[PDB]
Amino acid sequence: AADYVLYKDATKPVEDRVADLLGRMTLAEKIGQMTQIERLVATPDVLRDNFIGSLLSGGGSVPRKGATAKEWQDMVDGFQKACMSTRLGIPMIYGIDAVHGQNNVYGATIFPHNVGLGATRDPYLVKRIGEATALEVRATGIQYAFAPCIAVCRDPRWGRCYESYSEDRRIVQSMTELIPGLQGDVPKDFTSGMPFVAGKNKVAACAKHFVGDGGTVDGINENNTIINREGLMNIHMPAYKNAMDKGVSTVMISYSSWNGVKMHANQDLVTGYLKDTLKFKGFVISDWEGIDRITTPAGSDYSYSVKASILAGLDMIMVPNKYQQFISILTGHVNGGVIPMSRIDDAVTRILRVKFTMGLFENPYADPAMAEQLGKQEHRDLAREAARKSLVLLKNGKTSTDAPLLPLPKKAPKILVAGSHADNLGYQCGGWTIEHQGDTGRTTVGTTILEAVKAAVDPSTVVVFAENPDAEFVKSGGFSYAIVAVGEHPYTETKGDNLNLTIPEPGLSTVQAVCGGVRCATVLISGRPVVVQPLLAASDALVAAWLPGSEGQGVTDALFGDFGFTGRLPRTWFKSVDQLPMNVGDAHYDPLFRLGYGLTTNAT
């Protein structure tokens, strides 16, 4: 008709649609696009009245505990219906931390955390995990995952070291294959730095957190990274360029500083480097209250937080709560000439560019036929393959002349499974699982190590579980062997920062009691290397299983010799925390186990 609106026409080029919509928008509509809010503060009126551009779920932000995929779809669609009811009908994009599967969601497949994936040296595996993750995210109606974390963790004292594929940038680079898994492969023609998402069965990705988040002093989370530009560019930056080449749709800025300059206020790096040198054309998003934390104390000059961040080049702000204040302050700054319209128009161009590119104007609503992708057995099979491939065998015999303990026989009259982490699904998933910090016990659908043992063994094999047996119990039990699992409790972000890296008790005391009685395979669950000499000294065999996720049969696949051990350390294992930071090229490089170490077995 003469009711045609070019931006609404799916046959037009993305840039023509962006320009056409931009040209129609009020300042309020523009600033609304730049605002991302928590679902916890969203209502239909809020979304409509403030022209909100995006919503998220922070860790543990769920419609309710145990919600079905359809409950999530219906929640997301309710918010979208409100956004579509605005004058311009701009759909919101909904983001979430799907960082090892769609991990906030009950019944979602939970993949190994990134450090384990590093150990696989299998970028195609990681791609396929991207692919599966996209499907389980879209099962829930969600279009945007805040992944991959391409931090290069340089000090394992950092509470997010498990979110880093490796201390070696080349491994992190190789695992940027998660991006085309989540988003789809970019076409032959593609210009590096353009955003890309294939369509409604894929999700927008997010390379995070730009830049040097894994380089902070003593691994303190959100702190300062002191390194010259050459080291920044040589360690922390390279994977951002691989992300551009694969069309990552968004980049999230780090809470960390670089030589004292807050990333969230760093115009030279965000605009000068990311946008102007790497030619990034997607949208730059803040971290959660990232702009607030520009100042000390945080939140003490919000006016300045908004100015500094938007002038630095950020496009979308993860507020995520005080949207009225954010919108009011940015409006005032624009009205006062402090922030030019050209900056607003750039941020909104980028946001709209991602939304049009990914098909969000053509498919703003969830597909109910996708709900059944959640926790699909094919995806669990993949997680089980990844878990097994992630495992790094550190010891398999106390002496060079002992019979190797692994692989264990599936037939034996009686076996012991022991330890705090042998039958605890939450602990084997770690942080960013159901809750932000993760949790203990049977928090979702999966298979614990105990469950996996019982599923694996010959029917004549009696399996005895004892969480923390004493030495006499073990000696008296008539056991052929034991599998004993211990390690770190779940943690996320600052809560995981840890200067001593010794596992909690009872962990070591149980290993000692078990292994003193019967030959034992110790399965160490951790997000990083931890003090391990005492555990090694006690154990016949020891496996670094990292945080292998929901599919504990990946552990038993290698214990019982269905597959051989192939994992190799993607990080240095230190002798002592007083050595840290210590990386695979220093000077005082005196590792317990060097990067790349890993014993192997053959399938039986």
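Numbering follows the first chain given and starts at 1. Definition used throughout: the rigid core is the maximal C-alpha set that superposes within 1.5 Å between two forms. First, how it differs from the form deposited in another entry.
In a rigid core superposition between the two forms, 498 is the single residue of 526, 174, 498, 73 whose Cα is displaced by 2 Å or more.
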Second form
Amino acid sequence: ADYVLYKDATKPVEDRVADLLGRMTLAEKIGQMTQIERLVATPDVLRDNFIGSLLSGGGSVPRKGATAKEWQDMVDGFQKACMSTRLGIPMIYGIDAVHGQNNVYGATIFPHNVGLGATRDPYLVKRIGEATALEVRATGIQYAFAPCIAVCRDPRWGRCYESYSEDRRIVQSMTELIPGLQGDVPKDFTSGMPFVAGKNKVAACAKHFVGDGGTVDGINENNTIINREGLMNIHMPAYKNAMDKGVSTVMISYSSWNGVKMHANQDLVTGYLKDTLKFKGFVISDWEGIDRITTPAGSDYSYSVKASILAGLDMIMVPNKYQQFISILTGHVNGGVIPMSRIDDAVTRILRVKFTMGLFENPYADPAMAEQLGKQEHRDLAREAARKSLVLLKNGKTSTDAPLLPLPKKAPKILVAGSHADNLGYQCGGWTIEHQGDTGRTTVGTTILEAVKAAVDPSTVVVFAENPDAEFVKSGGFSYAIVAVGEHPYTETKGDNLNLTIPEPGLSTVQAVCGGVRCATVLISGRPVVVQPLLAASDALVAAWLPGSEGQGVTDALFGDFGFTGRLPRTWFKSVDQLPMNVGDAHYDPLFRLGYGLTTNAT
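Given the form deposited in one PDB entry, state the structure of the form deposited in another entry.
If you are looking for partners or other molecules, they are not here, because only the chain is given.
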């Protein structure tokens, strides 16, 4: 009697979208296109402005140490306000779950993408997607801003660790993260259609379209570009695989292509992504991406709104000054500068994702899913991935030496040393807990030191010293040492050491340790770094990348429970002045080529 087609779960998605669209006011439409930060959200804001989406930016948590249930109650509170609007359109909540649900205390932290590239195991990455979706849904969140399918072309980029590989083929194969996050698409599926299986899955986001991994001294992010076969060949193809796997959303890059800002690039956003690849999900801006169309950023926000919406973006990550966004966009439509057909396309796409994923049927969090956060099975998977990510670069100083690895679990006394041996924050790197990475015991996990202690025979005495001098090591009576050093957490603009040399003490500790006893050096880094001095000092050396919360992945290999199988997913340069230098370059002169990796057999 009071039947409303869009509220009927048995109806086809396109019919529900059209029925809802046709009822909506301009305010309700512009609302759907507006994404706000939880920090500026209140029940009245969300209801009075018909807000479509919320996010937590990096570090935007309801409180320090918040439980899964706290997150659920936060998201539900916001949802209750949205469901109380006239039309009852549920909001979608997004977050950077890029190596697990990494903003959340006690979430499993998976290896960062560069390590996952070293695994060469798309099925492992899919399973990581599955586990990640469960941990995101544990916190009531429905949308992950992942995968980053950047093809990082210069390791000086502060986000190079979020790229699976300099080789776009490895990136294309790791798009299997998508069906992990979202569920596998039906048999008869049309490429470019959005898909999410239901309430145990999340919407995904291929980002950042396009050419975010492209060059400029640190691909570091202001035009990071190239030319047309730069494009279609290196930076674009994985978006097609993303389309084939029904990625729900695509996020636009801050960078430029051909001197046109991606956030204003109608030819690529509308002409190529939507009209040629046939993408039918929604296009989302990056954080104040529209603001940055201009220089200085934010200096003509009227133009930002116009240029981005006419380019074809559907949802704007404002994320704070929503009043200005809504006001300016409303004026533009009222004035006929942006046609209603453009608004209606954006809203169509937003709603299409929402209906397809089951959001109208399950807008609230499932309390029974709370226990998925940091669930042990997920940690076991993270430990497998960490172990598979490790690249053995050296296992003996001369061809006549006994291989150091695997180490024996039974020895009278052993040394664990280095700034990175008992620091969970470092082991995890950036995008962890989160207005950056951090240092120590920032979440639940097992450091390298804790992993060693968990692994060795009860008779083995384990001594920790963060930065021992040469004489302490010589005098200690140690059978061997494991020494872990490397990079501090960083991102594109913060903490990014462009000399690619690890901070001291790091090398000095490796030298003091290895100068006194046979040593296995575990290098924690987001990328290749200057390594010759570390190699020359070390009996064995392992590139462990940023392996996440499960440090037992490292010891599983060091002690021979499994063999080393990882292979470099990037070129290891001899020198920073060779860069950029990627596989296929004209004077390809690597220290270690892409694909290099020594192996051991399980003991």
